[PDB]
Every structure is written in structure tokens, then in C-alpha cells.
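Number of protein chains: 4
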Amino acid sequence: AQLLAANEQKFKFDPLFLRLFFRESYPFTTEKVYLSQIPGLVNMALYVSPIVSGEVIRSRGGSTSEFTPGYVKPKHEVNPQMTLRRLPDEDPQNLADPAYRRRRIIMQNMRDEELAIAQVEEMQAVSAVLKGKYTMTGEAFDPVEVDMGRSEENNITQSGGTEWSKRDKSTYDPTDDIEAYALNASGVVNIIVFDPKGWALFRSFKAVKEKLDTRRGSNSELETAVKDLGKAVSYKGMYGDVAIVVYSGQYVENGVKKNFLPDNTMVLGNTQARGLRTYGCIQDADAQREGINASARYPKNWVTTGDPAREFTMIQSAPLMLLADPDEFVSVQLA
Amino acid sequence: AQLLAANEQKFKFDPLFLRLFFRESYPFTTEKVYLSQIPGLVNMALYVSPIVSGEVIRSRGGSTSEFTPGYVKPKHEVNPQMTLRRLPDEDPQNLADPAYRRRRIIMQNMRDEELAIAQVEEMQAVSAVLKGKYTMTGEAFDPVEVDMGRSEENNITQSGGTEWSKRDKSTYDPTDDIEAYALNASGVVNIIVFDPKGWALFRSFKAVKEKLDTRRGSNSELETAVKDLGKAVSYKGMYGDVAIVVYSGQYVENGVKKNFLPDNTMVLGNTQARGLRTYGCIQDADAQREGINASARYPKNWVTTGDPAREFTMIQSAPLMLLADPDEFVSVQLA
Amino acid sequence: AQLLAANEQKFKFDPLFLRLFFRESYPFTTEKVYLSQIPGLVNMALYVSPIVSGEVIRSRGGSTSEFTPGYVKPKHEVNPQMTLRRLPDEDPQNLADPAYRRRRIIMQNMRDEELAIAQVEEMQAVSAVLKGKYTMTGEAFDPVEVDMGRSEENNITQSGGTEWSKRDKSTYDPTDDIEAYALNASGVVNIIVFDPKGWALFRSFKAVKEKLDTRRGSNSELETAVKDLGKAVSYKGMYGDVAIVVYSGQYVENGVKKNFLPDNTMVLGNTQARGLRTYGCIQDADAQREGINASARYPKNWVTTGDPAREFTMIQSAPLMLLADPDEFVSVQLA
Amino acid sequence: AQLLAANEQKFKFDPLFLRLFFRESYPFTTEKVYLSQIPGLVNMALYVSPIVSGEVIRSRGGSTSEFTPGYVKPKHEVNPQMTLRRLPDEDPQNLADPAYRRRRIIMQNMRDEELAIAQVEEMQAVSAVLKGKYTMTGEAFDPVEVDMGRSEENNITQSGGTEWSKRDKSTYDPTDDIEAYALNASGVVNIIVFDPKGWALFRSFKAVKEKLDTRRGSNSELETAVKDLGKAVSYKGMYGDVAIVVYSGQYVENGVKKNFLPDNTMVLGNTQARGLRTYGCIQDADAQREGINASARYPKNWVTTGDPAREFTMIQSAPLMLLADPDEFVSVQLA
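Chains as they are written, first to last, in the working numbering: chain A, 2 to 336; chain B, 2 to 336; chain C, 2 to 336; chain D, 2 to 336.
Pairs of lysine-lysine residues, derived as BS3-like cross-links and limited to a Cα-Cα distance of at most 25 Å, are as follows:
no. : chain 1 : residue 1 : chain 2 : residue 2
1   : C       : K198      : C       : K170
2   : C       : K228      : C       : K258
3   : C       : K237      : A       : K212
4   : A       : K170      : B       : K237
5   : A       : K167      : B       : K212
6   : C       : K207      : B       : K170
7   : A       : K198      : B       : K237
8   : D       : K232      : D       : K198
9   : B       : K207      : C       : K167
10  : D       : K232      : A       : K228
11  : B       : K210      : A       : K170
These are computed hints drawn from the structure, not numbers from a lab.
Build the full structure now, drawing on both the sequences and the hints.
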């Protein structure tokens with residue numbers, strides 16, 4: 002079987018939530034996740050006298066510091082009969098040999114394993130910061146609930162009383178609503194990412210059109226972070242100070258494709274927020290034997306004999322997508 | 002007798018269906034097409050505790066998986082009488098040379114042959130995502146039937162009861178009808194490609210021309226399809242969570258021009274829906290000698306003798322356009 | 002006499018009816034032009050069994066293929082007594098040399114000469130796409146009629162019914178009228194070339210200026226081919242999906258300048274339309290002696306003896322501006 | 002132990018006050034900070050004939066001198082239990098090395114320390130420019146007062162009969178009121194930076210948005226100096242000759258965040274105003290031996306033995322932010 006060196010992917014296509022807020026990652030060397038080891042936030046400086054004295058600063062973890070990671074180990078078979086996809090610049094002549102066919106099917110399995118894991122991680126991040134709460138479910142797995150600690154003031158519901166869909170489309174100005182909803186953000190917002198359906202009603206107002214910018218974007222390197230995600234991510238322009246992004250990602254359930262976000266919703270927040278990317282241990286004999294207990298991903302290839310005399314491929318991981326301060330965003334439930 | 006390396010075209014101008022739905026291709030190393038050998042889609046990551054053996058993600062195929070490809074091989078004359086278009090100041094001295102003239106005419110003949118094969122692929126694709134059924138028939142070809150698996154709920158006919166035409170053009174709103182039609186789609190819908198006359202009445206609604214956002218800089222990179230296909234595809238604008246595309250493409254029969262789509266239809270579709278581009282084997286005596294049995298296209302230039310003492314150039318293929326999920330679309334038949 | 006190879010112009014400034022619709026050129030090797038030799042259309046395909054052989058594919062579609070090229074050979078005399086545009090600080094005393102000045106006047110004569118061919122070619126193009134019928138009639142030239150094949154339904158006049166002049170200039174939307182004239186075009190339209198006096202009334206409608214996205218640098222890339230001929234061509238901008246451009250080129254008669262298009266005229270065409278730039282044969286003994294029977298232009302410098310004792314320079318060309326599909330464009334006579 | 006030269010930080014994150022008003026710095030070689038030692042201002046010339054010598058010029062600067070700065074000195078331990086951040090594309094082999102892990106911990110502790118000092122260095126600046134009065138407190142410090150020498154008229158709070166909150170929101174123009182506030186500013190006003198809670202009140206006026214040209218690009222230098230703080234500061238636009246900034250940075254208490262400015266307040270000044278950055282002696286036994294008595298910061302690492310047996314890293318400085326003309330800024334307490 003192919004060794005552990007079969008890890009040649011080096012593709013960074015994290016979709017808009019692991020790249021914009023959850024950039025930093027903290028893999029752990031224990032079964033669970035403890036927030037005590039996390040550096041946390043810096044304190045004040047606390048004026049003291051001259052050399053007379055001096056007191057030591059300890060960065061605590063607060064109240065809750067024990068979470069259970071979402072361990073995952075999806076498996077594929079490497080049956081050497083699947084018809085290989087016609088990737089470009091592929092000569093069938095140096096392809097008929099099994100030594101290359103198997104070597105490429107292994108890489109294909111690695112690619113779609115990594116894609117599934119990363120997409121589940123993004124689903125986890127969206128479930129985390131769309132409402133602040135979160136849960137872990139699954140067949141043959143004990144349910145687990147994770148609570149960030151989102152304040153109730155950051156879950157503004159537009160349906161109650163005053164919506165946006167029942168106002169004049171040529172006289173109503175939605176800037177005041179945006180300011181009133183972003184006032185309680187605990188920090189200046191610059192990202193107001195919408196939904197594909199939710200953006201239509203917002204843009205339908207005429208007052209936004211003239212003020213809205215389309216000048217290619219002049220915010221930051223964010224346009225570079227968007228151009229790679231050309232399919233499900235669109236960058237629109239300037240609201241005057243903040244950037245507008247419409248994101249329409251999809252994920253594949255049992256047989257049906259669904260969006261990450263609830264249909265008519267939007268979020269305000271900051272592009273400089275702190276998003277934890279904690280990971281548990283890869284509870285495998287080989288990983289512990291090779292000192293790779295603290296890692297984000299773990300590929301493995303082997304051949305099982307006797308009853309299932311087949312060769313398999315696994316990518317084990319354990320995400321616990323976490324947010325430092327849940328109250329730095331506002332989740333508007335539009336209607 | 003030119004060599005077998007005469008396939009230098011590099012013209013990826015597939016017309017709006019081989020590029021939005023059937024982006025994934027699969028050559029086969031066997032005569033028929035065994036759909037069970039397709040790797041298939043990917044489910045999320047379904048969680049398991051790291052003490053129990055994981056479940057193998059296997060490509061569960063359908064009840065029927067043994068299809069027959071539609072072998073197609075057009076051949077052309079290379080008689081050095083056909084006039085040649087003038088490339089910009091391409092040294093007209095060498096034109097009189099027959100050796101260069103035949104080599105030049107081979108290239109144009111190959112472009113014509115390839116264009117003569119692009120259309121059968123989309124004659125298959127239009128039937129596939131318009132009805133879920135397709136018959137391959139022709140002179141000296143035994144009829145073949147392909148049942149994609151489309152159900153009744155994805156073949157709504159507007160004539161069944163209340164129709165759009167027999168309403169009031171200035172007051173009626175079709176958004177509710179569009180939502181009802183998209184309800185039974187088994188997945189997100191964002192593309193509703195129309196007909197050149199199936200759209201002239203939908204726009205006639207007073208509410209539609211107000212709701213439709215015809216502004217440039219629209220949803221996504223889909224406008225690239227407009228730039229590539231400036232001859233048959235237009236992009237009318239936005240409609241909320243769905244774009245408006247008018248496809249007046251035409252295919253030419255023996256002497257006449259005809260439309261791909263019937264006059265009054267629309268397709269509630271997903272731009273991310275996967276479509277198979279499976280191909281059969283090149284069932285040619287020469288092809289097996291060089292190991293080109295599993296390939297998409299196969300050119301061959303040769304010289305016939307005895308009765309038709311001329312020389313021909315032929316291109317063989319076997320397109321079997323397929324969809325993994327036929328129920329991902331809705332074919333509404335307007336009236 | 003100067004050598005024939007002294008033909009250095011390479012400054013093609015074709016005015017938007019030879020660079021937008023008539024890109025492809027077909028020089029001929031026969032005194033007349035045989036349209037049947039043009040490639041034209043290619044049939045779709047035939048579903049054939051892999052065993053039996055298919056039928057040969059021919060080049061059909063055209064019936065009448067007889068046309069008379071409009072031979073044009075203007076000449077200039079090259080006496081060295083003219084006044085010349087003094088190059089800024091390049092000719093301190095080189096002008097004193099008669100040979101250098103004569104070579105300069107030869108170059109300038111050719112530069113002025115090519116315009117007398119470009120103007121007639123563009124006039125041919127306007128005659129083609131404004132009515133579909135063209136007449137060749139001049140002194141010492143027999144009158145000949147050429148008909149593109151344009152149907153009568155594409156020469157619709159705004160006078161019939163309610164013209165735009167007798168209409169509201171504040172509330173009415175001409176988009177309905179524009180599209181009502183656009184179905185009978187056989188292909189999506191995106192070019193609406195106007196005449197400034199005809200375009201003046203269309204600009205008046207408030208719905209236009211509300212919809213006329215005059216934002217420069219739009220997704221349309223035609224302006225790249227427009228700014229080169231900025232003398233008489235503007236670029237008004239986008240109109241949703243279609244592109245509005247104003248053309249006011251004026252061709253010089255014997256001493257007077259006349260507009261290419263009548264005042265209240267407008268066209269609907271596609272920027273990727275196929276236009277033929279077929280050329281006849283230069284029926285000159287000198288060209289035939291060097292095998293230049295098939296070419297676009299053929300300069301000739303030669304000195305006369307005895308009665309008109311001077312030196313002359315001819316340029317001979319046989320332009321036969323043709324259209325593949327004459328019904329693709331629609332020419333409306335505004336009112 | 003880490004060498005004293007291990008001071009590789011090169012991060013400049015001054016929060017909009019040390020980066021715009023308090024540029025120049027004056028570290029001191031004496032324990033207390035004597036104000037009478039600043040360079041000061043200069044007389045004009047004192048005209049003198051060129052036969053007689055002129056009096057030598059002497060500039061002193063200020064009278065009240067014997068101030069006393071705070072002597073903040075935060076510490077940190079290097080307990081090698083912290084879960085180190087997974088730096089992108091770093092190998093796991095190096096993480097096993099204890100020396101590299103210790104160096105990484107020291108480097109992170111340096112960042113945490115330096116982010117703890119700038120908080121006081123900015124709280125002092127905010128307190129100085131709101132009232133010109135600022136007291137230093139803290140356990141075991143004997144609170145020390147700082148009277149900048151403000152006038153009384155430069156504290157105009159809107160508390161009369163008419164305030165900005167209880168008047169007309171459509172016809173009132175705040176230009177006159179802003180100019181009346183800026184009249185007693187001892188200079189030309191240039192910055193009207195807001196606290197966002199107080200900003201939202203000003204933003205509601207239509208007379209503001211009818212003239213607030215919030216075009217992207219502040220002045221070509223301000224937005225260059227403020228993009229680094231994408232988390233705390235934001236730029237609104239230009240109000241004519243002046244710009245508007247919204248500062249929302251928060252200073253953290255022992256466990257809780259607090260705002261630098263009172264919510265409904267604004268302050269007016271200039272970007273060219275001079276602000277002193279006087280420091281004091283770094284009263285350290287080793288710093289005296291290394292000839293660094295007068296400096297801005299002083300890192301130190303040591304290993305304690307026996308009772309608090311650990312290894313400590315400490316940063317110590319002495320900030321005594323000052324101004325030359327404290328009465329040039331006007332702090333309006335809105336209502």
C-alpha cells in the first residue's frame with residue numbers, strides 16, 4: 002500500500018468562512034478540547050509602582066473549558082475498475098498500466114475525502130455563526146450540543162412588525178436600518194454578506210443603487226480571496242464603508258443539494274474577527290506511533306484481509322469549529 | 002496518409018449545456034456503458050465515534066446500468082478544389098503549393114467534423130434535461146431507448162387547467178406559480194432557461210418587468226457563457242434567486258435550420274447539477290492497434306482504392322449524454 | 002519606376018462595417034465570384050451503426066452563385082511639386098533631395114489611395130446591411146444588380162402605425178417596441194447602431210435614460226475596436242444585454258460629404274455575424290505575369306510616354322461585400 | 002535564557018491617536034519627566050543691522066515641570082502547556098523540538114505584552130484629548146494627577162434649550178453649529194472623529210447626506226494611515242474641507258471590554274497637531290548596566306528559583322502622553 006507520503010494536495014480552497022474569520026487554528030494533543038490552553042485575550046496593563054513590587058498576569062479560560070470534538074473518518078474503496086474521469090492532458094497510453102491507474106484513483110479518493118471534510122467544516126462554521134448555537138448529531142454517534150454564548154441582542158428578526166418587503170421600493174432608505182442593526186455589534190462592521198435570495202429585496206430599493214459601488218472593489222486583498230471562489234461567491238462593491246458579498250454555496254446531503262444559509266437571512270460582522278479552528282487528537286494506533294496525534298488531517302491506506310479482503314482509504318479528523326466572541330456579528334432574519 | 006496526431010484544434014466552445022450541466026466526462030474501456038462504475042456524488046461526513054468501524058462510502062447505482070452508446074462516425078472528402086479563407090497576410094506564395102494546401106484544408110475539415118459532433122451531444126442533452134427520455138434512431142441504426150429516470154412530477158404542462166397566456170397581462174403575478182413549479186425539484190433551483198418565443202410572454206407581465214433586475218454585473222461568472230456564446234444565448238437579467246436565460250440556438254438538418262427547444266418550454270434547473278458525458282469505445286480495427294480504445298474522439302485519414310478511388314477523413318465517437326440525478330430539473334410546458 | 006514589393010501600408014483602419022461584421026475575407030482565383038465555393042453550412046450528423054459505413058458529406062445549401070465583382074482601379078500622378086506635412090524635426094535638408102521627396106510623395110499617395118478603396122467598401126457594406134440590395138453603377142462601368150436575399154419582413158418602417166415621433170417622451174418605454182421588432186431577426190441581437198439624428202429622439206424617452214447604463218468600460222469588448230475610429234464613432238453603452246452605439250461616418254463625394262445612412266434609420270444585428278469579404282481577380286497583365294491573380298490590392302507604378310507624359314500609380318481591387326445570412330439584420334426606418 | 006537583543010517585533014499598531022497626533026517621542030534620561038526640557042517654539046527673527054552682533058536665541062518650553070509617569074511592567078510566564086497555534090504550512094517535526102516550542106512561546110508572549118502596553122498609551126491619549134485632565138491610579142501606585150492646562154471654553158457640550166437630538170431632522174443644517182464649536186479651536190479644524198453611538202445621531206440629518214461627499218479615498222494619506230486598523234477604526238467621508246472618522250476601539254478591563262470614549266461625544270482637532278510622547282527612566286538594575294537608561298521599551302527574560310519557580314518575560318516602560326497646545330482640540334459632549 003502507498004505510504005503516508007501520499008499527502009500531495011496543497012490546495013487552499015477554504016470557502017469564505019475558514020479563510021475570512023477562522024484563519025487561525027489550534028490543534029490539540031488530547032481527546033477533548035480545553036479552552037484553558039488557548040491564549041485568550043490580552044488584559045489591561047495595570048499601573049504599578051517602581052521596582053518596589055510586581056504581580057504576575059495569568060490568562061484564564063473563563064467558565065467552560067471542556068468540549069468534545071466532532072471525530073470523523075469517512076472511508077472509500079479503491080476497486081481498480083472504476084472508469085477514470087477524463088482529466089485534461091491525459092494520455093491513455095501511459096494510463097492503461099495499473100501502476101498509474103491505481104496511483105491516480107488513490108489521489109481522486111484523497112481529493113473527494115478532503116472536499117467532503119472541508120465542506121462539513123464550513124457547514125459547522127455556518128451553523129456556529131448564523132445563530133451562535135450549534136449541535137453534533139449523526140447515526141451511530143451520541144448527540145452533542147455546543148453553545149458559543151451568543152447574546153440575544155445579536156439575533157434581530159426582521160419579520161416582527163417592520164420588515165423590508167412591505168415598503169416603497171423607490172422611497173424607503175435602508176441605511177438607517179443597517180445602522181440600527183449594526184450599532185450593537187461590539188465593533189465596526191465591514192462585511193454584510195447576504196443570501197442569493199435575500200439580496201434581491203435589499204437591492205430592489207432605488208436609494209441603494211446610485212450610492213452602491215461596482216468599481217472592481219477597493220477594500221483590501223478580499224477581492225483576491227474572492228476570485229478563487231468564482232462559483233459560489235460574488236463580490237458586488239461598496240456600501241460607502243462596508244463590503245458586500247453574496248454567497249450561494251451548496252452542500253450534498255443523502256441525495257439533495259441544499260444551501261448553507263437559511264433562505265432569507267443576512268449577516269453583519271467584521272473581517273478581522275477571531276475564529277478558532279480547534280482540532281482533537283487522531284485516535285489511531287499509527288498516528289500515536291508516529292507522533293502525529295496533534296494534527297488537522299490524517300490520511301491512511303491499508304489492505305484488510307479475510308472477511309473484507311479489500312484495500313481502503315481513510316481521512317480521519319475531528320473539527321470543533323469555535324468562535325472567540327460570538328457577539329461580534331449580527332444575524333438578521335429577513336422576511 | 003497523414004499521421005494520427007492531426008487533432009490540434011483547442012476550441013472549447015460547447016453551447017451552453019455541455020458547459021453548465023455536463024461538465025464531467027467519462028470515457029469507457031468497454032463497448033457498452035456500465036453506469037455502476039461512476040464514482041458518484043459525496044455525502045457530508047456522517048459522524049461516527051472513533052471506536053466503531055466506519056461505513057464504506059460506496060457508489061450505489063440504479064436498478065438499470067447497462068446502456069448502449071450512440072456510435073457516430075462522419076467522414077468527409079479532402080478534394081483539393083475547395084477554396085480556402087485568407088488568414089491575415091499569411092504569405093499567399095505558399096497557397097499554390099498543393100502540399101501546404103491539403104494540410105491547411107485538413108484542419109478546416111476537422112473543425113467542420115468536430116462541429117458536426119458537438120450538435121448530437123446537445124440533441125441528446127436537450128432531450129435529457131427536457132424530458133428524461135431519448136431515442137437514438139437513424140438510417141442503418143437500430144432504434145435505442147434511454148430512460149433517464151425522470152418522474153411525472155417534473156413534466157408539468159401549463160395547459161393542464163390554468164395557463165399563463167389566458168390571464169391579465171397587467172395584473173397577474175407568476176412568482177407564486179414559479180415557486181410552486183420549483184417546489185418539486187429536489188434541490189436548489191437558479192436557472193430557468195426560456196425559449197425565444199417562450200419568453201416574449203413571460204416578460205409581458207407587468208410585475209415581471211419591475212421585479213426583473215436587468216443590471217449588468219449580475220449573479221456570477223455565468224456572463225462568460227454570454228461572451229463565448231454571443232450568437233445563440235442571451236442573459237436577460239435577474240429574478241431573485243434565479244437568472245433569466247434565453248437560448249435560441251439552432252441545429253441544421255439536411256438542408257433546413259431548426260430549434261433545439263420547442264417553442265413554449267422552460268427548465269427549472271440547478272447550475273451545479275452534475276451531468277455525465279460518458280463515451281463508448283472506439284470500435285475500430287485500427288484504433289485497438291494503437292491502444293486508443295478508450296477515448297472521446299478518434300480521427301483517421303486514409304485512402305480508399307478500387308471503386309471510389311479517393312481519400313477520406315473520418316472522425317469516430319460514441320456520445321451517451323447522461324444525468325446522475327434526472328429529478329434535479331423541472332420541464333414546464335407553457336401554452 | 003518603384004518595385005512592386007513597396008506596398009508597406011499595414012494600417013488597416015476599416016470603419017466598423019469591415020471589422021465588426023465582415024471580418025472574414027475570401028479572395029478568389031476566378032474573374033467572377035462563385036458563391037458555391039464558399040464553405041457555408043455543415044449538416045448536423047447521422048446516427049450510423051459501428052459496422053456499416055456512412056454516406057459521404059457534401060457542401061450544399063446554396064443555389065445561385067453567380068456575381069460580378071465591382072472592379073475599381075484609381076490612380077494618382079506623382080509630380081514633385083506638392084506641399085507636404087513637414088514631419089516635426091526629421092527633415093532638415095533631406096527635402097532638398099528630389100529622390101527622397103519623390104519616395105515620400107509615393108508613400109503619401111498610397112496612403113491617400115487606400116482611403117478611396119475603404120470608403121467604397123464601407124459604402125458597399127452599408128448598402129448590404131441597410132436594405133439587402135446593392136447596385137453597381139458608375140461612369141465607364143456597366144450597371145449590375147446584386148441581391149443579398151433579404152426578406153421584406155426585415156425592412157419594416159416606423160411610419161406604419163404609431164411612429165416614435167408621435168409619442169410621449171416622458172413615460173413610454175420603447176423597449177417593448179424594440180423587442181417587438183427583434184423576434185424576426187433569426188438570432189439574438191446585441192448591436193443597435195443608430196444615426197445621431199435618429200438617435201436624438203430615442204435618447205429623449207425618460208425610460209431610456211433610466212435604463213441606459215452609460216457606464217463606460219462595460220463588459221462589452223467592442224469599444225476596444227471602436228476607439229481606433231473615434232473620429233465619427235462613439236459608444237453610447239449598454240441597454241441591459243444589448244449594446245447601443247452611434248455611427249455618423251460620412252463619405253466624401255466629388256467635393257461634398259454625404260452621410261452613410263439616411264437620417265431616421267436604425268439596425269439590429271449581432272456582433273458575431275458572419276460577413277463575407279470576397280474579392281474578385283485583378284485583371285491586369287503585370288499581376289498575372291507574377292502570379293498575383295488572387296489578391297486584395299495590387300499597386301502599380303508606371304511611367305507614361307508621349308501624350309500624357311507623367312508617372313502614375315494605380316491600385317486595383319474588386320470588392321464584392323457579401324452577407325452569409327442576409328436576414329440576420331433588421332433595418333428599421335424610424336419616424 | 003533569551004538574549005536581550007531578541008526584540009524582533011517591527012509591528013506598528015498605533016490606534017489612531019499615537020499615529021496621528023503623538024508622532025514625535027522624547028524618552029528621558031531622568032526618573033521624573035521635566036516638562037521644561039522640551040525644545041519649544043521659536044521667535045521670528047529680531048531684525049538687526051549687519052555691523053552689530055545679535056542676541057543669542059533661547060527657547061525653554063513650559064513652566065510646570067516635575068511630573069511623574071506611570072511605571073507599568075506587565076509580566077508573563079512561559080508554562081510550556083499552551084497549545085501552540087498551527088502556523089500555516091509548518092512541519093510537525095519542528096514542533097517536537099522543545100527549544101523551538103519555547104522560542105515560539107516567548108515570541109507570542111512578546112506580542113501579548115506589547116498589545117498590553119499600547120492600551121495604556123492610548124487610554125492616556127484619549128483622556129488627554131477629552132478634557133485635558135488625566136489621573137493615574139492603580140493598586141500600589143499613589144495616584145498621580147496630570148493637569149494639561151486646558152481652557153474652559155474648549156469643552157462646549159450641547160446642553161442648552163436646543164440639542165442635536167431634540168430638533169428638526171430635515172431642515173436643520175449642522176454646518177453653522179459645527180463652525181461655532183470650531184471657532185474657539187486656536188486653528189483651522191480638520192478632523193471631527195466620532196464615537197459611533199454619537200455618530201448615528203449626526204448621520205440622521207438629511208442636510209448631512211445632501212452634502213457629505215463620502216467618496217472612497219479620504220485625502221490620499223489618511224486612509225493610508227488607517228487601513229491597518231480594520232477592526233476598530235472606520236472612515237465615513239469628507240464634509241467639505243474636513244474628514245470624518247468613526248473610532249470604536251475598546252480597552253479591556255480585567256475581564257470586560259469598555260469604550261475609550263463616552264458614547265455620545267465627538268472631538269475636533271488637526272492631523273498636524275503636535276503631541277509629546279515623553280517617557281522616563283527604565284529603572285532596572287540590568288538596564289543601567291547595558292546603557293539603555295533612556296528608552297521606550299525594555300524587554301527582559303529571567304528564570305526565578307525556589308518559591309515562584311518559573312521563567313518570566315516582562316515588558317516595562319513609562320508613558321506620560323502630553324500635548325503642546327491642549328486647547329486646540331474641542332471635545333463636544335453631545336446629547
